[PDB]
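For reference, the chain that follows is the form solved without this ligand, supplied as C-alpha cells.
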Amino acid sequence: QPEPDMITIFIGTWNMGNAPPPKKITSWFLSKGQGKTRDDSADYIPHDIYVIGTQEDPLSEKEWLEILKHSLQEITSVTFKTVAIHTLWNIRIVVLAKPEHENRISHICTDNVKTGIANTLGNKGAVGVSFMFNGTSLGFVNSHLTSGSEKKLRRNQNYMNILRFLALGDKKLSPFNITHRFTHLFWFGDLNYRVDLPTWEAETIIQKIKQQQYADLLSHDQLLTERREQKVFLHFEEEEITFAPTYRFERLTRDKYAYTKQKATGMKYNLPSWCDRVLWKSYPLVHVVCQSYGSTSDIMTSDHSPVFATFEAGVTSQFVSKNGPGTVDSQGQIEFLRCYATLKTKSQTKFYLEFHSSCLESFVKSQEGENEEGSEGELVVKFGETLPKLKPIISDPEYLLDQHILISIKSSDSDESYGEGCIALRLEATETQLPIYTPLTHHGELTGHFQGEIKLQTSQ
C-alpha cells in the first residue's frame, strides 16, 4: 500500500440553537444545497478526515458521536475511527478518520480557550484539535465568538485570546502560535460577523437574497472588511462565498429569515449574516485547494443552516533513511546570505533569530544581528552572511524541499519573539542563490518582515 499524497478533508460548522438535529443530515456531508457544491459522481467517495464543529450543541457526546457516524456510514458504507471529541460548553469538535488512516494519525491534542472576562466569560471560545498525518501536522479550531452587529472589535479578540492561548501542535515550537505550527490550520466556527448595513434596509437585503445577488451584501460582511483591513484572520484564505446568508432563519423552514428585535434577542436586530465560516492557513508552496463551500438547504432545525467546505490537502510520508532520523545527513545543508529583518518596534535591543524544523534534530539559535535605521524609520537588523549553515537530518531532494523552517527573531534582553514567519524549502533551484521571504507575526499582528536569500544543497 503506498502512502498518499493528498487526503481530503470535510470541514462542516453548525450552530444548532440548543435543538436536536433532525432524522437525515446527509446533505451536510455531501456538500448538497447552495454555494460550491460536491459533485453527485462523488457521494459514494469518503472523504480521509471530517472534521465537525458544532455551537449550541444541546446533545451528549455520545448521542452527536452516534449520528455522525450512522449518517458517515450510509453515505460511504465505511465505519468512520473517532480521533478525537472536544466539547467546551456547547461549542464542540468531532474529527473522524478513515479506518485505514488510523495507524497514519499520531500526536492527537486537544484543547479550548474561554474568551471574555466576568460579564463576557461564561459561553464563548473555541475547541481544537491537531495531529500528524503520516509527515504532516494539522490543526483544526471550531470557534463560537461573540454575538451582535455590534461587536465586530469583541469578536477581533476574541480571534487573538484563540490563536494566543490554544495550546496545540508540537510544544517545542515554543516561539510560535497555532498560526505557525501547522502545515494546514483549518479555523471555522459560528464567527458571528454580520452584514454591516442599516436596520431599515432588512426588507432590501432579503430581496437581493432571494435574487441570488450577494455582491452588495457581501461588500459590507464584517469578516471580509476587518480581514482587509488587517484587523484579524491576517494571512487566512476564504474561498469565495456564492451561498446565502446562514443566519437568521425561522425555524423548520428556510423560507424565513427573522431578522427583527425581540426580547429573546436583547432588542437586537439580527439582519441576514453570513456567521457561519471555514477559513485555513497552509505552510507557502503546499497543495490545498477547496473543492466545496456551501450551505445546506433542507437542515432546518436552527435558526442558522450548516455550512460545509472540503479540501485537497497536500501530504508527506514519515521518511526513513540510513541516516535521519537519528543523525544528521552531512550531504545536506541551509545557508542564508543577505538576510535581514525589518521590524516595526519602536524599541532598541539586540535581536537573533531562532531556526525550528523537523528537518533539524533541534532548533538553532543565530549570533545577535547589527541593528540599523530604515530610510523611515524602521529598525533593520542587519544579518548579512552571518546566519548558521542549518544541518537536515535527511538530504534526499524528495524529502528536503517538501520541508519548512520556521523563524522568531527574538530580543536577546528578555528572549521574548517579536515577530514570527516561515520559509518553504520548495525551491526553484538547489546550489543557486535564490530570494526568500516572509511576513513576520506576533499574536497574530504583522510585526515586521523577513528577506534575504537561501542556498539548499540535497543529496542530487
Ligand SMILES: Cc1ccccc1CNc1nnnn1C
The other form holds:
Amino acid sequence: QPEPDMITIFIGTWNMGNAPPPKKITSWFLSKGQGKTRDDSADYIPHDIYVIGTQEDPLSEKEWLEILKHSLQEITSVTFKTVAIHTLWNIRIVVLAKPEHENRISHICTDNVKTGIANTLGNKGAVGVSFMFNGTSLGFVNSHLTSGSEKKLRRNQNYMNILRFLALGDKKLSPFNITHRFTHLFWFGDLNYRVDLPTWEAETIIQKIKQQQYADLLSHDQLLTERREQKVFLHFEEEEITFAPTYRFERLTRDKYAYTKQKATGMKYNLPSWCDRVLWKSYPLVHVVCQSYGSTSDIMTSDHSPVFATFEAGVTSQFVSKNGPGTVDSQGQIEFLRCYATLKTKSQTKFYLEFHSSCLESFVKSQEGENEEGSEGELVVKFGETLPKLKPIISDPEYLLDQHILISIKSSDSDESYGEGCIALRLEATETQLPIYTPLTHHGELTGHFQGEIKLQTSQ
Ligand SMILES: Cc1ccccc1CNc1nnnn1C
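Structure of the form deposited with this ligand bound, given the form solved without this ligand:
Zooming out: every chain and molecule, the one shown earlier first.
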C-alpha cells in the first residue's frame, strides 16, 4: 500500500455564538454554500485530515467530538480517528484523520496563547495543533482575535503575540517561530477584521451584498488592507473571497444582517464583515492548492456562518537509505557561495548563521560574517565562500530535492536571532551554482534579506 505524495485537508472555522449547533452540519464538511464550493461528484470522497476551529463554543469536548464524528461518518461512511483536541476558554481545535493515517501521524503537539493584559486577558487568544505526517510537518492555529471595528491594531498585536508564544512543532528549531516550523501552516479563526466603511453606509453595504457585488466591500476589508501594508500575516496566502460577509447575522435565518448598536454589543455597530478566515503559509516550492473557500448558507444557530476551506497539500515519505538516518551520506553536500544578509538593524554586533534542517543530523553554526555599510544606510553581512559545507543524512535526489534549509542570522554578542528565513532545495539543476533568496523576518516582521548562490550535490 504506497505512501501518499498528496493529501487533502479540510479547514473549518465557526464562531458558534455560544449556541448549540443545529442537528445537521454536513454542508460545512462538504464545502457547500457560497463562494468557491466543492463539486457534488466529490461528496463521498473523504478528506485525509479535518481540522475544525470553533470560537464561542458552548459544548464540551465530548459533545462536539460526537457531533463531528457522526457528521463525517454520515458523509463518508468512515469512522475518523481523533488526532488531537485542545480548548482554551471557548476557543477549540479538533483534528480528525482517516484511520489509515493513524501510523503516519506522530509528534502531536498542542498549545494555546492568551492575548491581552488585565481587562483584555480572559477570553481571546489561540489554540493550535502540530504533527508530522510521514516526512511532512503540519501546523494549525485557530485564533479568536480582539473584536470591534476600531481595534485593527490590537488584532495585529494579538497576531504577533500568538506567533511569538505558541509553542508547536520541533523545539530544537529554537530560533524559529511557528511561521517557519512547518512544511504547511494553516491559520484560521474569527480574526475579527471588519469592512471599514462609515456606519451611515450600512444599508448601502447590505444592498451590495444582496447584489453579490463584493468588490467595493473587499477593498475596505481590514485584513486585506493590513496585509497589503505588511502590518500582519506577512508571507501568508488567502484564497480570493467570493462569499458574502459571514458576520453579523440575525440568528435562525440568513436573510438579515444585524448591524445596529445595542446594549448587548456595547453600543457598537457591527457592519457586515468577513470576520471568519483561513490563511496558510507553506515552504517554498511545496505543492499547496486551495480547492474550496466559502461559507455555509443553511447553518443559522450563530450570528456567524461557518467557513470552510480545503487544500491539496504535498507530502513526502519517511525516507530510509543504507546510510541515513543514523549517519551522513558522503555522496550528498550543500554549498553556499557568495552569500550575504542585508539587515534593517542599527546594531553593529558581528553576526553568524545557523542552518537547520531535518536533512541534517543537527543544526550547523557558521563563522561570523564581514559587516559592511550598504549605500542607503543598511547593514550588509558578507559570508563569502566561508560558509560550512552541509552534509545531508541522505544523498538520494528523490529525497534531497524535496528538503528545505531554515536560516537564522544571530548576534555574536547576544545569540539572539535578528532574522529567520527558508531556502528550498527544489533546484533547477544539481552540481550547478544557482541563485537563492529568502526574506528574513523576526517576530513575523520583515528584518532583512538573505541571498547568494547554492550548489547541491546528490547521488545522481
Ligand atoms: C447532503 C449530503 C449528505 C451526505 C453526503 C452527501 C450529500 C450530498 N451529496 C449528493 N447527494 N446526491 N448526490 N450527491 C453527490
